[PDB]
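Protein chains: 10
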Amino acid sequence: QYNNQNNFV
Amino acid sequence: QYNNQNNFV
Amino acid sequence: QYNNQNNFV
Amino acid sequence: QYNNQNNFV
Amino acid sequence: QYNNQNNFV
Amino acid sequence: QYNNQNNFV
Amino acid sequence: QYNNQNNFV
Amino acid sequence: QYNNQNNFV
Amino acid sequence: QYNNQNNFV
Amino acid sequence: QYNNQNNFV
Numbered sequence: 168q169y170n171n172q173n174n175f176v
Numbered sequence: 168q169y170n171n172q173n174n175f176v
Numbered sequence: 168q169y170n171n172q173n174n175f176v
Numbered sequence: 168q169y170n171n172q173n174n175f176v
Numbered sequence: 168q169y170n171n172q173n174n175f176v
Numbered sequence: 168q169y170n171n172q173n174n175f176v
Numbered sequence: 168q169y170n171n172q173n174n175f176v
Numbered sequence: 168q169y170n171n172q173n174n175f176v
Numbered sequence: 168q169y170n171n172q173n174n175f176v
Numbered sequence: 168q169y170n171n172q173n174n175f176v
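Chains as they are written, first to last, in the deposited numbering: chain L, 168 to 176; chain S, 168 to 176; chain F, 168 to 176; chain H, 168 to 176; chain P, 168 to 176; chain Y, 168 to 176; chain Z, 168 to 176; chain R, 168 to 176; chain A, 168 to 176; chain U, 168 to 176.
Treat each hint with caution, since some may be false.
[Claimed, not checked] Derived DEER-like restraints, expressed as beta-carbon distance ranges:
1) F/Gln168 / U/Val176: 12 to 20 Å
2) H/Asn170 / U/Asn171: 20 to 28 Å
3) Y/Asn171 / U/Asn170: 15 to 23 Å
4) R/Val176 / H/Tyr169: 19 to 27 Å
5) F/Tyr169 / R/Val176: 29 to 37 Å
6) A/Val176 / P/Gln168: 26 to 34 Å
7) H/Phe175 / U/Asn170: 14 to 22 Å
8) U/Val176 / Y/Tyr169: 17 to 25 Å
9) A/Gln168 / U/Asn173: 27 to 35 Å
10) U/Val176 / L/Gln168: 31 to 39 Å
11) S/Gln168 / A/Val176: 30 to 38 Å
12) U/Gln168 / A/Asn174: 29 to 37 Å
Calculated directly from the structure, the hints in this document are not laboratory data.
Ideal Cβ positions, reconstructed from N, Cα and C, are used throughout, including at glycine.
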């Protein structure tokens with residue numbers, strides 16, 4: 168299981 | 168299972 | 168299962 | 168199962 | 168299991 | 168099950 | 168189960 | 168289960 | 168289980 | 168279980 172989240176402000 | 172989410176503001 | 172969501176503002 | 172959603176504003 | 172999250176302000 | 172909601176104001 | 172919600176003001 | 172929520176003001 | 172929440176003001 | 172929360176003011 169590959170879990171990825173990224174936020175760019 | 169491949170889980171991806173990304174936000175660009 | 169491939170789960171993808173991306174937001175571009 | 169391939170699940171894709173993207174928003175471009 | 169690969170768990171990744173990054174925030175860029 | 169893929170559940171997605173996004174608001175853009 | 169993939170649960171996603173994002174708000175952009 | 169992938170649970171994601173982000174707010175951008 | 169992957170639990171993520173981020174607020175950007 | 169991966170639990171993440173971040174606030175940016």
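Here is how each hint holds up against the structure:
Taken as a hint, the range 12 to 20 Å is violated for the pair F/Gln168 and U/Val176, whose Cβ atoms sit roughly 36 Å apart. Range check, H/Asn170 to U/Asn171: about 22 Å between beta-carbon atoms, so the 20 to 28 Å window is met. Between Y/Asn171 and U/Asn170 the beta carbon distance is about 22 Å. The supplied range of 15 to 23 Å therefore holds. Separation of R/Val176 from H/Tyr169 is about 33 Å and departs from the stated range, judged on CB atoms against 19 to 27 Å.
The hinted window of 29 to 37 Å between F/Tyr169 and R/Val176 holds, with their beta carbons roughly 31 Å apart. A C-beta distance of roughly 32 Å is found between A/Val176 and P/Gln168, which places it inside the suggested range of 26 to 34 Å. At about 31 Å, the beta-carbon gap between H/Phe175 and U/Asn170 misses the expected band of 14 to 22 Å. For U/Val176 and Y/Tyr169, the Cβ-Cβ distance of about 32 Å falls outside the hinted range of 17 to 25 Å, so the restraint is violated.
Against the hinted window of 27 to 35 Å, the Cβ-Cβ separation of A/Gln168 and U/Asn173 comes to about 18 Å, which falls outside the hint. For U/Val176 and L/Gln168, the hinted distance range of 31 to 39 Å is satisfied, since their beta carbons lie about 33 Å from each other. Checked against the hint of 30 to 38 Å, the C-beta distance between S/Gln168 and A/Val176 comes to roughly 33 Å, which is consistent with it. Between U/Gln168 and A/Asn174 the Cβ separation comes to about 21 Å, which falls outside the hinted range of 29 to 37 Å.
Going through the hint list in order, the structure does not satisfy hints 1, 4, 7, 8, 9, 12.
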